[PDB]
Amino acid sequence: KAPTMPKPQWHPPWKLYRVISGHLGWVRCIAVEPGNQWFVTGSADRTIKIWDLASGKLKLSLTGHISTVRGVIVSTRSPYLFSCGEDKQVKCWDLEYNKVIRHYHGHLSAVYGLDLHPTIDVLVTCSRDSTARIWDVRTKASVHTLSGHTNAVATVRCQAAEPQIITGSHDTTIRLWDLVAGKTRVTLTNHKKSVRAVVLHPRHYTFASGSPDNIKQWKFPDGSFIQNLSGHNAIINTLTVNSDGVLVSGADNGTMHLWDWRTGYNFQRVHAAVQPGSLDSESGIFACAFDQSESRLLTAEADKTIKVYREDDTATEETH
Amino acid sequence: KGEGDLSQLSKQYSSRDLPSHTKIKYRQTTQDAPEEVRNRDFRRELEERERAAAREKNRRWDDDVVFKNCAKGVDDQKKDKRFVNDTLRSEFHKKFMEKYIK
Amino acid sequence: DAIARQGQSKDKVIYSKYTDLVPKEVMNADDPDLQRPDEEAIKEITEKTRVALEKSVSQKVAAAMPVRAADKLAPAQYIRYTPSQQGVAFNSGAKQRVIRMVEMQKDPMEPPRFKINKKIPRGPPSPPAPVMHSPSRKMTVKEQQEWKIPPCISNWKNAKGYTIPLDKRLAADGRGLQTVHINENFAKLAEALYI
Amino acid sequence: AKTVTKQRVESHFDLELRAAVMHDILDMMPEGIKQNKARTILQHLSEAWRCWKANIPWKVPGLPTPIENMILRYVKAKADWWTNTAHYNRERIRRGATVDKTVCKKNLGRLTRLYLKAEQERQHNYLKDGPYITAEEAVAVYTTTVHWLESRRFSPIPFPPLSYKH
Amino acid sequence: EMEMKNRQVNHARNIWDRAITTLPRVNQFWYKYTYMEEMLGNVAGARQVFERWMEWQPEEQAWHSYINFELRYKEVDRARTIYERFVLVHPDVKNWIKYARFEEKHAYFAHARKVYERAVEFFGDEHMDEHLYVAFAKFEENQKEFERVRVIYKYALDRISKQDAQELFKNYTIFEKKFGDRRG
Amino acid sequence: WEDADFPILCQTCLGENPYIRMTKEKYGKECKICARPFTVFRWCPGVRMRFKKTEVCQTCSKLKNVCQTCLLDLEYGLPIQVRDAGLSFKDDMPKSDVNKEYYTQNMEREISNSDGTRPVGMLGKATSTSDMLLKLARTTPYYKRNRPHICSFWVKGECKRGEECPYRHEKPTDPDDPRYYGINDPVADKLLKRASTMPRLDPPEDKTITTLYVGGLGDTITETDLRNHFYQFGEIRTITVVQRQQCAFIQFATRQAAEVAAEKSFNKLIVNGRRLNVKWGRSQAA
RNA sequence: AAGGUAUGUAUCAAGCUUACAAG
Ligand SMILES: [Zn+2]
Ligand SMILES: [Zn+2]
Ligand SMILES: [Zn+2]
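Residue numbers (the authors' numbering), protein chains in the order written: chain D, 181 to 500; chain R, 18 to 75, 186 to 229; chain C, 99 to 293; chain A, 669 to 834; chain O, 284 to 467; chain P, 15 to 192, 201 to 308.
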């Protein structure tokens, strides 16, 4: 009887099937290969380490960060991963030798997020000072400094179609940038509390942003308020979206809410436990990433643990 | 039109900004180059990979002494590999703080 | 719009009105506007972006590291300009006054000439887009009283106020507790030795 | 900009930790008019760390439970960093990788803290967990010593007189 | 308030409009800018400021302040105009009974009965929110015995488990008794 | 900090040749006001003339619609404060080194990046012109600007160069009369020159000349044109349009308003595109 | 080589800077 009550599509629920307990420090950002074989994480243990995605073992732990690792991503086009952390350092870990080769420099404060342009070989990084930078890979030269925010810039994603770069910041605003001229195209003032996660879809348009008030959802040319989503009212950290429309929002108090893209229907509302040492008030999700298969949803949490989830093969958890 | 100091306004040719690694390795064909990603299944392949990796792990001498038997070693056995992360109670810190201080 | 936009080049400031924070209606499969551009459009914007930042970084490294042996230019290019200000008997017959513009040689034995050391404060930023939150609420006088913080009753402060009231001196439960304070098995030892 | 070399490692961890807890309380508190009397949650954070190193409990009364448990997770983060650096370069100054005097005199202090708080945890768990020796297990020792001593005819020591000769 | 404290009125207005377009959701800028134009002439500028302030859909506090503005300039026409767009957004029972206001100021006979029709058909069709028909009975008892027997007693299908609490049904009876023709 | 493509350059600085060859640097000197590194340009105006390079940047020329090297108005060929007092508005700019100086130059450059065509604030009041400035806008300019400045060693009589001394000789300058707004020494003399022109003598009576012989009507002035140009002055007592000589006769009641008509029309009232004909009427019952 | 014989103000020239725009 509600507007769009009958038409969400039924997605199956997710369940844990392993946790991975390796770090000594908050596991903080997860990426996963383009070729599905293994995944990778940073920490506040100052150690990146990669893990077999099938059996969960530890392939190797490679280190070199002076302080914590806030972001790690692995390139598709090139055989090397990139890392960034609060030691002001952004590094190009070559994977054929397991060693740093580029070691980008120029951020005046800590470094929060990084992302790769999926078609051309640049790299967009976001900091604490106020700025985001377009590093040119192969030249390690700042093409642009995207100076338009007034506080910390918590996350950044970028794509191939216009608009190119989306920076969600800690001054409660999103803004959408021109990669060529450097000037901002359109800023998006909503979100009484700060935006900390944006994600894009990747079939059709329509990205979505994350904040303690009212996770919203937008539409790429000009920016257009499509919809806001329901009351997941913690200070949320991550957004991830699967190619069949399920969407996970991970938050700082441990609660992670499954959704759907289509309606906005809060689906599962799963809240996990801590592993024995941690106190009760230390559950919180800092990263979540689906597999390339998108059968596995695996989250890096404040309990120094990667939790790996999968589907459930039933039918009778039906939509209300 | 008059950029910052890196562009034209400075002759400070600092080291660490010297043309190192000036060509990019592209991921060639035997690895997971994106042409070999545009069609691959990723789901049945992961499933058979974990279905393969899951099955990998398959008297008259001392009768005057007082304590004639403690009868147990650890009282069951000693194999834990457990992980407390409260770092003062972790077994790594226990062995550290019994090896070095005495 | 002109109050919210002031001076800008018809950007996307049109958010200034109310009617675009209401939720847009429900889209189901409407492929022409909802779906992404095809591969040809994203490849051509890829090529435009790549050649734009390619000439940007080429001029950058031919200015950040330009130290190696390039030719000067060939500035034979004339420039004709109608001096469209004064001409009646100013240079009587100066109808269009074509000039030859060459570029002076720079000797490669000169230091930097100009003191690049200036700092002014950062200027006026982009004038603010409107803000458009939800209607801001105020909670109570009681839950706002719940979200208040006690002062600090530290043992070293070296900050604002060392803050001695009459109470708030023990600053703990009792600064020490052991929840039974003794296990009773002590008794079952002690008299066991005593007898 | 300047890198974080080994002399400002510790003076950068505090900087980024209190930046993180700053724009966590900036985005966590609800729509009240004042945030933290402009600084006070940070004072509670540093006091919580000082009470952690000194093993004083830090039970501040009347504090909102989201900020008190975010202070608990940040001081557990900093205590993990602190003790995991203590282990590390204690092993380095064991086998002798470094000869740094600041590091040696600092890791004597970052490890006396650890011994003394492990020691008051074990003195506290002596009391609530009873004597670790059983009644029979101590009566046996006592009976064995009186048997040994009377088989030795060991005359016990008198309290020394004030007019004791030697 | 600095620019308005002095005689530079054009500049104060010229920064109030950018204050309210930049920050819409804060009530004080709209209030003080309306108040400033109230202390000046009551020009269609002031009404335009107000209808812009209506356009963002605010709370009750602002909307019946604007109807209070229209009453203090004695508008039958315009307070009628701006108060049907009211009720679509606030369906408060306190506001349903005060869209029943042309009765208690103009008496609006046939279309006031239509306002009562609008009151009676909307939400709480069988559940009434226990309050509309109290005030409707108060006006229709202030009216004659036109059709006053129906709504409290004989349109009584729409009860709330007892049709009313104990607080008012004997009061309903003596409410109907002694204000009529009183036939022997 | 600044590149360019072509300079501003009023016409007297280009010289008398339509074919001049000119050279450019990339970051040349600094601006002599704001120390900004523009691109200095150099050329030869004429065969007896110095080179006159380039003095201020393109930004500090676009601010006050000023040429590039001699610092005169691009529309007129006049100094700066002559224009700003003659347009009664100054378009302020600070004096110190930073105090709002490079701040306002940087920001007015940032809001001048779009047009590059017209000055930044003068565009609105450079239209309502041509009345008080057009009387002094010296067309067919004198090229003594471009002559090379006076050498020493002719001043001391020592100049061994003889004839080939390129600079000058036998021009001893006088140390009694030689920045960007105020105050400038010859400008005070030039405003005294405009305030003290040559009118007709004001005859010794008490304002009886309310009539005036204004004519040259031709086919340009009509009756309602001149009496609505005098209706803003005030009221007539008798008009006529005497078309045998193409003339018009107006008076005022108590002269004063038509007094400024005598100030407006000493061969000076230019409406409908004509230098009007003016001489003195009778006011004598003649 | 730094790490020690402090730095911070107020008047008084050469060093360096353009040899210019100009009734
Ligand atoms: Zn200049
Ligand atoms: Zn000139
Ligand atoms: Zn000479």
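No lab work stands behind these hints, which were simulated from the structure alone.
Treat the hints loosely; a few may be bogus.
[Said to hold, decoys possible] Some chain R residues close to chain D (C-beta under 7 Å, calculated; not the full set): (1) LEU26; (2) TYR30; (3) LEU35; (4) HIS38; (5) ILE41; (6) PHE59; (7) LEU63; (8) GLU67; (9) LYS206; (10) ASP207; (11) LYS208; (12) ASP213.
[Stated by the list, open to error] The calculated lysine-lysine pairs, modelled on BS3-like cross-linking and capped at a C-alpha distance of 25 Å, are: (13) C:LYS146 / D:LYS399; (14) C:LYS255 / A:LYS670; (15) C:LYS146 / R:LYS42; (16) A:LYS670 / D:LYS279; (17) D:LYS239 / R:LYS42; (18) A:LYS746 / A:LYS674.
Ideal placement from N, C-alpha and C gives every residue a C-beta, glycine not left out.
Hints versus structure:
1. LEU26: Violated. Min distance 14 Å.
2. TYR30: violated (13 Å)
3. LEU35: With a closest approach of 10 Å, the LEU35 of chain R hint is violated.
4. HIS38: Status holds, d = 5 Å.
5. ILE41: Holds: closest Cβ of chain D sits about 5 Å from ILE41 of chain R, inside 7 Å.
6. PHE59: Cβ of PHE59 of chain R sits 4 Å from chain D, so the hint holds.
7. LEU63: Holds: closest Cβ of chain D sits about 5 Å from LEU63 of chain R, inside 7 Å.
8. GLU67: With Cβ-Cβ at 4 Å, under 7 Å, it holds.
9. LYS206: At about 17 Å, which exceeds the 7 Å cut-off, the nearest Cβ of chain D leaves the hint on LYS206 of chain R violated.
10. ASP207: violated (12 Å)
11. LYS208: violated (10 Å)
12. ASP213: Interface hint status for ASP213 of chain R: holds (4 Å vs cutoff 7 Å).
13. C:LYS146 / D:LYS399: holds (23 Å)
14. C:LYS255 / A:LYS670: Violated, at about 31 Å.
15. C:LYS146 / R:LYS42: holds (23 Å)
16. A:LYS670 / D:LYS279: Holds. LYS670 of chain A to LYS279 of chain D sits at ~23 Å (cutoff 25 Å).
17. D:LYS239 / R:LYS42: Since the Cα atoms of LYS239 of chain D and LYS42 of chain R sit roughly 23 Å apart, the hinted pair holds (cutoff 25 Å).
18. A:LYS746 / A:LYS674: Roughly 18 Å between the alpha carbons, so the hint for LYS746 of chain A and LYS674 of chain A holds.
Checked against the numbered hints given earlier, this structure breaks hints 1, 2, 3, 9, 10, 11 and 14; the rest are met.
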